[PDB]
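Novice: Read off the chains here:
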Amino acid sequence: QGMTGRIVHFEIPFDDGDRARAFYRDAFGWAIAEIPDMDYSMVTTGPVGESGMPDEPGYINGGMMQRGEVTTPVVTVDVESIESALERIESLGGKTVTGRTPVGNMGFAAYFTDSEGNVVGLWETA
Amino acid sequence: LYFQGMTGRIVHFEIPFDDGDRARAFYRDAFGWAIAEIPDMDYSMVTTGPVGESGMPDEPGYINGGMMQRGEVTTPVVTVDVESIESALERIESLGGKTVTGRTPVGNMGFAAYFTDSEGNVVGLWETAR
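Those sequence lines, one after another, are chains A and B. Residue 25 in my numbering is what sits at position 25 of the first sequence, and the numbering runs on without skipping anything. Residue 50 in my numbering is what sits at position 50 of the second sequence, and the numbering runs on without skipping anything.
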C-alpha cells in the first residue's frame with residue numbers, strides 16, 4: 001500500500017525455457033522456480049523475507065515467460081487499480097496491450113505501451 | 001536460497017524515448033515519477049520510490065531508474081549488479097550470451113555494459129567502482 005508508481009517487478013521473455021533458466025542460474029546465480037499452474041518461472045535476484053518479498057531495499061525480483069505478450073523485457077509498475085490506471089494511461093496518450101488479468105491469487109497484471117511505444121507492465125495486489 | 005555473493009540483483013532499469021519532453025511528462029503524469037535531466041549526462045534520472053540521504057532506495061521492494069534517448073538502449077532494459085563486468089561478460093559469453101557494449105564508465109561511481117542473453121534479449125550490467 002502507498003507503493004503506487006513504484007517499479008516492483010520485471011519479466012524476461014524466452015524462446016527456450018530450459019535454456020533461458022540455465023543461462024540466468026549459471027550467469028548470475030538467480031534462484032528460478034517453474035510454477036506450472038501460473039505458466040511462468042519465478043526469479044529471485046536478492047534476499048527475501050518470510051513473505052517472499054525483498055528484505056532489504058534496492059532491488060526487485062521478477063519472472064520469466066514464454067515470449068508473446070512480452071516480446072522483450074518489461075518492468076512492472078504498481079498501481080492501486082489497473083482499470084483506473086489504464087484509463088489514465090490512454091488519456092495521456094498510451095495504449096492498452098492486455099487488460100486486467102488475474103495472476104494466481106496474488107494479484108492482477110496488465111500491459112500497456114507508453115507514449116514512446118514501449119511495453120510496460122502494471123501490477124495490482126489482491 | 002543463496003546467491004553469488006551480494007551480486008546479481010536487479011537494481012536499475014532504463015526506458016528509452018523518442019521525444020524526451022513527451023516521455024517525461026507521460027510518466028510524471030501517469031504515476032508521479034520524479035524525473036530530473038542530469039547535466040551533462042544525456043540521461044534523465046527517474047525516482048519511482050523513496051530514497052534516503054544516499055539517494056538510494058530506503059524502503060524495500062522497488063527500484064529506481066533512468067530514461068534516455070533511444071539508441072544505445074533500444075527497448076526497456078533491466079540492469080544486473082555485478083562485482084566485475086569483465087568477469088560477468090566472460091561468463092555470459094561462455095554460456096551462450098554476447099557482449100553488446102563493454103565496460104564503460106558512467107557518471108562518477110561505476111561502470112555499465114550491455115549484453116544479449118541466451119534468448120536475444122538486451123540486458124544491462126552495473127559495476128560499482130571498488
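Bear in mind the hints are in silico, worked out from the structure with no lab data behind them. All C-beta atoms, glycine included, are put in the ideal place defined by N, C-alpha and C. It is possible that part of the hints are untrue.
Said to hold, decoys possible - These stretches of chain B come out as covered by chain A in the derived footprint (C-beta under 8 Å, 3 or more residues):
no., stretch
1, 75-88
2, 100-114
3, 118-127
Stated by the list, open to error - FRET-style restraints, in silico, Cβ to Cβ:
no., chain 1, residue 1, chain 2, residue 2, range
4, B, 72, A, 15, 22 to 28 Å
5, A, 80, B, 130, 36 to 42 Å
6, B, 96, A, 103, 25 to 31 Å
7, A, 90, B, 19, 16 to 22 Å
8, B, 128, A, 49, 23 to 29 Å
9, A, 1, B, 95, 37 to 43 Å
10, A, 37, B, 41, 42 to 48 Å
11, B, 90, A, 103, 32 to 38 Å
12, A, 80, B, 128, 33 to 39 Å
13, B, 50, A, 16, 37 to 43 Å
14, B, 100, A, 34, 27 to 33 Å
15, A, 47, B, 87, 18 to 24 Å
16, B, 40, A, 34, 42 to 48 Å
Novice: Now look at each hint and say whether the structure bears it out.
Specialist: Hints, verified against the model:
no.	hint	result
1	75-88	holds (count 8)
2	100-114	violated (count 0)
3	118-127	holds (count 6)
4	B:72 x A:15: 22 to 28 Å	24 Å, holds
5	A:80 x B:130: 36 to 42 Å	40 Å, holds
6	B:96 x A:103: 25 to 31 Å	30 Å, holds
7	A:90 x B:19: 16 to 22 Å	18 Å, holds
8	B:128 x A:49: 23 to 29 Å	24 Å, holds
9	A:1 x B:95: 37 to 43 Å	40 Å, holds
10	A:37 x B:41: 42 to 48 Å	45 Å, holds
11	B:90 x A:103: 32 to 38 Å	36 Å, holds
12	A:80 x B:128: 33 to 39 Å	34 Å, holds
13	B:50 x A:16: 37 to 43 Å	39 Å, holds
14	B:100 x A:34: 27 to 33 Å	28 Å, holds
15	A:47 x B:87: 18 to 24 Å	22 Å, holds
16	B:40 x A:34: 42 to 48 Å	46 Å, holds
Violation of the numbered hints given earlier is confined to hint 2; every other hint is satisfied by the structure.
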